Each structure stands twice: as C-alpha cells, then as structure tokens.
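One chain comes next, on its own, written out as structure tokens in the form solved without the named molecule.
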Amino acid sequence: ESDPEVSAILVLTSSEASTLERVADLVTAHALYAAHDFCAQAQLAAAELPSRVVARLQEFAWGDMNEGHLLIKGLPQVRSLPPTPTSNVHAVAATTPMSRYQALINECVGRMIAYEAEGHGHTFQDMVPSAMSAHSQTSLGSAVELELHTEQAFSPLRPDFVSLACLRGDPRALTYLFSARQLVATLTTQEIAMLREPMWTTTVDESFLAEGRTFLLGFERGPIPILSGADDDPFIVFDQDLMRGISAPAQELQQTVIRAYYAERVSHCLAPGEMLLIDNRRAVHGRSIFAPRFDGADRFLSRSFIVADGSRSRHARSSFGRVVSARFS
C-alpha cells in the first residue's frame, strides 16, 4: 500500500492558496490563442508566490535526488467547473481558473511547451475518458490499465516534466509512479549495465502519425538505452509499445523493468485541488482501470508539459511560439 511520501508532497496552507488565487489575476492572456503571452505572464507573476512554495518547486526543478514527482495539495477550489467533456476537442480546462494556478506552479519549475502532434498543441489538454480510445494505451483510456511509460520515449524533444492538475477525480483511477532510483535498487549489476546499453529501437507513437506528415528523425529511431546518466541519479526512457529490444536478452530486460514496476510502484488517487508534477527523466507513470460514465461528471485532468530549456526546441517552433511542429518530434 505504498503512496507518495511527505518529501514528495507539498501541502499549501489556506494563506498560501489565497496568495496563489490573487496572483492568478495577473495572468490575463488567452492560454490557447496567446500561449506565449499567457506563459510569460505566469513566469513573471510566479515571483509573487509564497517563498516556501517557490523554494520547494525550484528544489524539485533542480532535480538532484527529487523522488521523480511532486504532489501538490490544497490548491484553490474549482467552484464553477463546467461538465467534463466527452472528448478532448473542447479544451475546457484551458479557460478554468485552475489553468492559471497550474501555469503559475509550472512556470516556477520551467517553461511550458506544447506539441502540434499531441492533443492539437493545446497549452492545457483535457485528460478525460474517451469512449473510442477506452481500450487504448493513451491518457484518454479507462477500461484497460495505462501501462508504465515515460512521455514521448521516441522523441529527443520529449518534455522534462508532465503536469497534471485535477478538476474532477475518479475514486477508482489511481496514478502509478515508479522512479529510475526505485528500479535500480531492485536490479543486479549486470541488469543495470545492460539497460545502459543501446539495445532498444524506438518508434513514433501511432497518434503522432498523419496524412502527408514526415518526421525529420524518421519513424524508427535509435537503438537507445533504457537507463542513462549518473549512477546514483539515473535517467529513464521506457515504453513497451514503442521500444523494441534488438535481441531476446533486450526483450527479457523490459520484462524485468515491468515486474519491478508492479512490485515497487507507488499509487495516488488524484482529487480536486491537487496537482501532480512528474519528472519525465526520473520516473515512469501509469494509471489503473476505472469505469467512466460519459455523463459530464467523469474524471477530468488538465495536462500540460514543461521543458527546462525553450532554446532546445527553438528550431521546431515559431518566434514567440510555444508549439513544437510535428515534423520535429
């Protein structure tokens, strides 16, 4: 029954939540139609947040031994929440007061970014159940478990962080988290060395494909390792559906990672007023089966992405643009 610990939990006091609510009034631009102005206003207004909150976010952003995630509780209550949309085309979360609270916290950590090939390049995406993709390996699934993965395993432009703010929760929908440090603690020396070898080719996610769309990096990339970086602070790239072992031992090692994940993963049921930051280099994430009703009261998260460095994607964006063009993913 492992859950996110006190070190990986930031609880806002009533006073801190009130400051955050007032500071959100400094963020006035349209999140979808003036994304850069919106994000830059949030980055500047974030200087007005409580110092204790800013300190925890900057520590998490630095990354060194950060646990892989940070759960924030006590965000100001979403009071006039519209019904949960049945698809992600409406971008309902992007005009809620939560989008401003989420942007302020995000912009303490790093620069918000979006991807043309992911949820229409929306600054905030509605993470809601899809009746079509219910049995699919996507953030809109429900009837099947969302398998352990890092976000955009195939892409060098993958986000540094995934930001999930909860508008409506579902009691059966558990978010699973598993860090590269937790993984390495269960493995033998030989398994760690092998995961550090470039033995996995990676393929572009099927949802990124489109008629007449060509990727500069091609459809199949690598081979790449699963583990990299410092021995005591390893980075992870993992996705069974998009990473193919170049040999039978390479395929067996992904099974080793999956078993360690089922044995050691921590869980948390996201509730309204909560926000989860996942370090996409240090942890993998998943989600349990749940049973949505598609009745306007379903689980509803606002998803956004963060990168430490916006210059890394400049070649893939327009001037004062926050959207990475699909061909560069």
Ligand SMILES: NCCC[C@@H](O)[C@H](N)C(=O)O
Given for the second form:
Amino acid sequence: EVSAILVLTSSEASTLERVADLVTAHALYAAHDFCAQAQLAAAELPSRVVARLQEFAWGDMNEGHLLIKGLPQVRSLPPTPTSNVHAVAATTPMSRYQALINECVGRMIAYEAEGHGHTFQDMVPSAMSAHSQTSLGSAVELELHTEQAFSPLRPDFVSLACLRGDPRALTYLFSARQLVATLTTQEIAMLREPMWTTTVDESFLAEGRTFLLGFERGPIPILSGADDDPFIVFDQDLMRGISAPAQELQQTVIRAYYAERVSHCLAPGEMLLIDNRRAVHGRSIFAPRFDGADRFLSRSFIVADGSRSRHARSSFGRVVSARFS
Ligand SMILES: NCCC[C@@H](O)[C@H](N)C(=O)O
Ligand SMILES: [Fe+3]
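Could you output the structure for the form deposited with the named molecule bound, given that the previous block was the form solved without the named molecule?
What follows is the entire complex, opening with the chain shown before.
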C-alpha cells in the first residue's frame, strides 16, 4: 500500500555503516553531542540518499511519509525488552544509522514527558498497557492520531526504525491530502474552523506536574495551511467537538481513514519517517508473546527548528521539559 519508498543499494548501505563510526557520543548520556555528530557525519552519506531526504524534509507535495528499505542488517540484537525503561535501542548500531538519516531531515529532539526523554525510545508491547491507546499497546487497535496533537511543541517528524517486526502489526498511514480528496467544500471549511478541544495525553501526567498550557487545550481546527498542501492535527480518541456538527465531522475523518488508509508491516532493517504535519498514523492489533522476540521499534522525533523549543530546554540540551508540552 505504501508508495514513497527509498531503497538503499548494497553500496549505499555500506557507506551508511562506515559513516555511523563517526558518531561516537553516548545517545542517552551525551544526546546533544551524539545528535550534533550525526548532523555533521550526515554530509558523508550518498548524495542520492541526502537529496531524497532533503526533498522529503522541504515537504512540498510529499506523500506524508517516507519508507526506507535496505539499512545495514540488525546483528547481535538483544532480547526485546518487556517494558520501555531499558532504552535498549539507543545503544544498537541501528540507532546511529537512524540518527544519520534523522539529522539529514532535521534536528532530533526528545520530551521529558514521553518515554523519560530518551533519545531513542523502545517501542515494545506492554503487558499492562496492551489494551491502552499508547505506543506500547497491542490487543486493541492504536487509533488514528497526530503525535502530541495537544502540544504546540509536537514533533515535525516521527522516526521509526524496525529492530524486530511482527507480521500482524500493520502501521497505518493517512495523509491530509488523502482526506481532503474525499470531502465536500463545506466539510473542508468546517475542519479549518477552531471547533475541537484536545487534552494532554494521560501518559504525560505525573505527581506535581502542571503544564503551562493546562490539561485541556483549544478549541483548534483539524485542518490548516495551504489548500493544496494541508496540515492536520487529529486525535480520534482525545479531541472533542464543541458542537454536534463538530462531533460528526470527527466521525467523517475516521470513516475516510478506514476507507483510504495505506498499510505497511515494518520489517527488520526498515525505517519509516512520518511527516507529523501532513499525515496521521495508527497501528493494527497483534498478539505479542513477551518471550524476548516481540516487535521492537526504535522511535525518535525530529523538529525543523530547534529554536522553537529553546525556552523549554537547557543550553546544549535535547529534552523539552514536561511543563512546556
Ligand atoms: N491517544 C493518542 C496516543 C498517541 C500515541 O502515539 C502516544 N503519543 C504514545 O506514544 O504513547
Ligand atoms: Fe504515534
């Protein structure tokens, strides 16, 4: 179903592998140095690969995502962790490859309130949150959403590198362009109106944690930007329409998603970049075993402009403090 594909040749994958040796800082404990090294080393990547990533980053008429195949094979991978607190992905060779590609596109960033501000988060199924609307769910379908729909500091891109796949775990992608193509002129105009409130994801709450922007935000529109290249903010589960027509238009978006969404089953060596302004994403049900061989993705976030979050970070810091989300 996915169209926007970059297939690395054996020679390009070998170059990536060699260029990763230039990235030596600890991804977790020296995140800024690690990301800055990746940004500099990315100049040594194959020009064909860099051109495709810069074109995708510019964004104009991009498909809302880019699937990269042919990354260097995942060797001596540790068992899939049963929880996300181990940050196992952040010390694998796959994370330096992911950093190099990410830093072509934009600046890597992390959030104190999302997976403890780890540079790379382990996206692994949770036994506890299996039936939850989170990255660690599995027994229920992860509903269509913009990453951090509630936050003005939300990432510009979501980066997912596959360490272990699950054949039943499908990633669903649906662009703002695909949505607008199914709607009437009236629905598009209403989606551009500030008719939906949104709340801070439960997972972002903590004892003594107050957000500068509160728990409930908005009303905001779902659609914005250029008529021919619209931006989307959506959260099926969290956004609430202010009126009866606003609740129905949210249902219209959901139906268009089920009818038009594209799917892809992430496999080892693959990497998916999602344009968080141009597309929404979801994930199918799958049945994890919690035996060390479960689906395991390395998630990271990208912003075009690191200055937008400077008020929320420390000097030479890559982590957005919780209260600013
Ligand atoms: N209801 C929205 C859930 C969205 C999900 O991607 C969340 N940001 C997570 O990683 O747990
Ligand atoms: Fe997500």
